[PDB]
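In the block that follows, a single chain appears as structure tokens, in the form solved without ligand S3P.
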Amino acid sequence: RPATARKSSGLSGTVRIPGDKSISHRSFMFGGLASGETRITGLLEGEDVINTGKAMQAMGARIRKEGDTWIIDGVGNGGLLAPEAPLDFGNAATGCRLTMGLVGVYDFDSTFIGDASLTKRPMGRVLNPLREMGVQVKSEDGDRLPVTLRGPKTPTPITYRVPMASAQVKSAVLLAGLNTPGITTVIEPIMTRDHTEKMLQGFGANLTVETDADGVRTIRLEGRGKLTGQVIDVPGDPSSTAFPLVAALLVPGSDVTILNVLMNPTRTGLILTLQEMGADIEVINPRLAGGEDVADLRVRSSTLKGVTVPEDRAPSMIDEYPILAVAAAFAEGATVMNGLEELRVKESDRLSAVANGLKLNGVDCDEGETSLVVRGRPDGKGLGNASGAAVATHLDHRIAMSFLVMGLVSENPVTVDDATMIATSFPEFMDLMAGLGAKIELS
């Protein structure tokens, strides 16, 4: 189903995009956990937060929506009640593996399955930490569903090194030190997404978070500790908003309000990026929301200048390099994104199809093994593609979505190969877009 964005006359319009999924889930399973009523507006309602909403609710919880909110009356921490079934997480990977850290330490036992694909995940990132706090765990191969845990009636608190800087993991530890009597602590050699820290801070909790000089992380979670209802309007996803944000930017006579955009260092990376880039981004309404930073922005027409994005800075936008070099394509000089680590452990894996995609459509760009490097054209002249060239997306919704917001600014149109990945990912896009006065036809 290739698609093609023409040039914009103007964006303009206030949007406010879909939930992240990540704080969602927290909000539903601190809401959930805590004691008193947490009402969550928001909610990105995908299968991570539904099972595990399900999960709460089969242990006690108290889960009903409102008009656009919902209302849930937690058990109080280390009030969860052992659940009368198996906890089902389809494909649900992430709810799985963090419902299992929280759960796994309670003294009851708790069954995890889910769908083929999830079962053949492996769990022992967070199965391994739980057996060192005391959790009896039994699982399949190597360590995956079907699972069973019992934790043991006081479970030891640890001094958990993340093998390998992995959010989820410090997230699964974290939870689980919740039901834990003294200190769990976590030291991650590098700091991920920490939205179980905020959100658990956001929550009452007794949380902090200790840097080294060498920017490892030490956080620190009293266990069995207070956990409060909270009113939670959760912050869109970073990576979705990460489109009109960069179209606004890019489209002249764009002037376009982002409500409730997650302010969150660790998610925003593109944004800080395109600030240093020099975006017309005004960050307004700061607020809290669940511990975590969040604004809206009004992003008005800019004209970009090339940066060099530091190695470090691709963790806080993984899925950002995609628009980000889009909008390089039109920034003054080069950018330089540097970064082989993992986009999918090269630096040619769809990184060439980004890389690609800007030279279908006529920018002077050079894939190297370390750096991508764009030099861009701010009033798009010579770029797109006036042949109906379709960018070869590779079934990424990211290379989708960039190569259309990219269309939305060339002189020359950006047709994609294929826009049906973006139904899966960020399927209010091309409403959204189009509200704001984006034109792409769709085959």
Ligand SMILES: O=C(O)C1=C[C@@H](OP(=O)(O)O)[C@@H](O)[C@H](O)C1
Contents of the next structure:
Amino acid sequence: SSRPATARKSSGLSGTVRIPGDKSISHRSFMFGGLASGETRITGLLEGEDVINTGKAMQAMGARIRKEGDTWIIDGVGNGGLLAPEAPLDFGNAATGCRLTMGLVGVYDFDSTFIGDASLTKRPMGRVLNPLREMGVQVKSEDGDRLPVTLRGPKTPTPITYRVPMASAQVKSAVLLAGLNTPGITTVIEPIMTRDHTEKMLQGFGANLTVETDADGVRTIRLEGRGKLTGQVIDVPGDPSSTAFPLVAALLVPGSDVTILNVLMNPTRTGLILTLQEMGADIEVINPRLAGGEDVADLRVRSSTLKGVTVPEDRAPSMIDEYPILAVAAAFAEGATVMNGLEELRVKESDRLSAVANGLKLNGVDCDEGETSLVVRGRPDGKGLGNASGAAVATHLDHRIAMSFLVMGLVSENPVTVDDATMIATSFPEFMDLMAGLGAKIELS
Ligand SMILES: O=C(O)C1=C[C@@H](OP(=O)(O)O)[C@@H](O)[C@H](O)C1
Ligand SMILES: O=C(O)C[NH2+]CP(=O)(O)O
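With the form solved without ligand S3P in hand, show me what the form deposited with ligand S3P bound looks like.
Complete assembly follows, chain above in first position.
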């Protein structure tokens, strides 16, 4: 069922910790490793529930996955080698695994069924099912193009040129993965850049995939279908979204000095850091380097006084999953923090705009929720914030609502309670232990 947790004011967070692996890259490591020819070896994999579900889906289609020591070793089936799954592919809470896998196997000439939990089952799949219909996939979905969904690919899929209508890396990725088993050239046009793990990793696995960027920023990504993919050695960098929790906690809790090691610094993932620096955050980027083909660095974070800023709609894609924690940081900043271009938040694990606004109000924060925006006015000393009565923030099965408000409780005058901590393990099973090690006091029911 549900397991509430309460965060209490901290006298200071301090230490050096390695953050768990990046979820996006981890999902793709299991997918590409499972599809490629030969062996793939992965170090640093995030072992949260979302990623484990993608792994089980790949095994269901023929890939052999095992963990030897600290390395996940995968024996892939080779491009075009996926086998028809016996039962529905259960993605639990993970749309990344669900949506990318719909593109990956939907173009195969067999039936595949997709299911998930109460949260995933309410999320929109039309954004990926429409391009798949264009490629010739037959779709059976619940009203509104929601799960459960059953796909049946054509004998010969049709390659398309698809302009992604919203800033979704998952839609871009689903079309590219469908292209892997489609003869001809699949093209995805992305008017606004989104995380590029699919492009980078597929190139690393040997795909004839190219990215061309116009001076106006529009990206044209071309993929030649049915080409060989070769298993690779993958070193997964630290998750920058997970990093956000101890990083923001250290900025807000007085007397803090926290260093997070091996953090992914791809700029499509660092909008929150840039925003916090604009707010006056003391975040030092240490030893920027190349590791596993990605940009990484260690981040030293110290207590800072913050001032509200206006965050432009075009930075949104580079920090879309960090709006919840940014809203909590804004609750302690001087003045108003204004964030627009937030329509995508309404279709995540929870409607995040509604969940964040409601959670902030329950904890005494002055904020204004708009259809696609949020304004937060802060109280730097934290006085009057939190909830003395112990009322619980509704998490709506969303791991980041749970984590963001638990961080808030380490700073506010009154404790902050979340109605459920059980979904935190979908992306950051180490959260409680990691925060406790730094000094945070979080009581699980
Ligand atoms: O492709 C990916 O790895 C992801 C893309 C994003 O979703 P959208 O494509 O829906 O924006 C992000 O929020 C999710 O956690 C992972
Ligand atoms: O991790 C996040 O904050 C949002 N996306 C989760 P997914 O789309 O994979 O379910």
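Positions refer to the first chain, counted from 1.
S.K.: Hinge check: of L408, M337, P18, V162, which sits where one rigid part gives way to the other between the two forms?
M.R.: For the motion described, the hinge option is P18.
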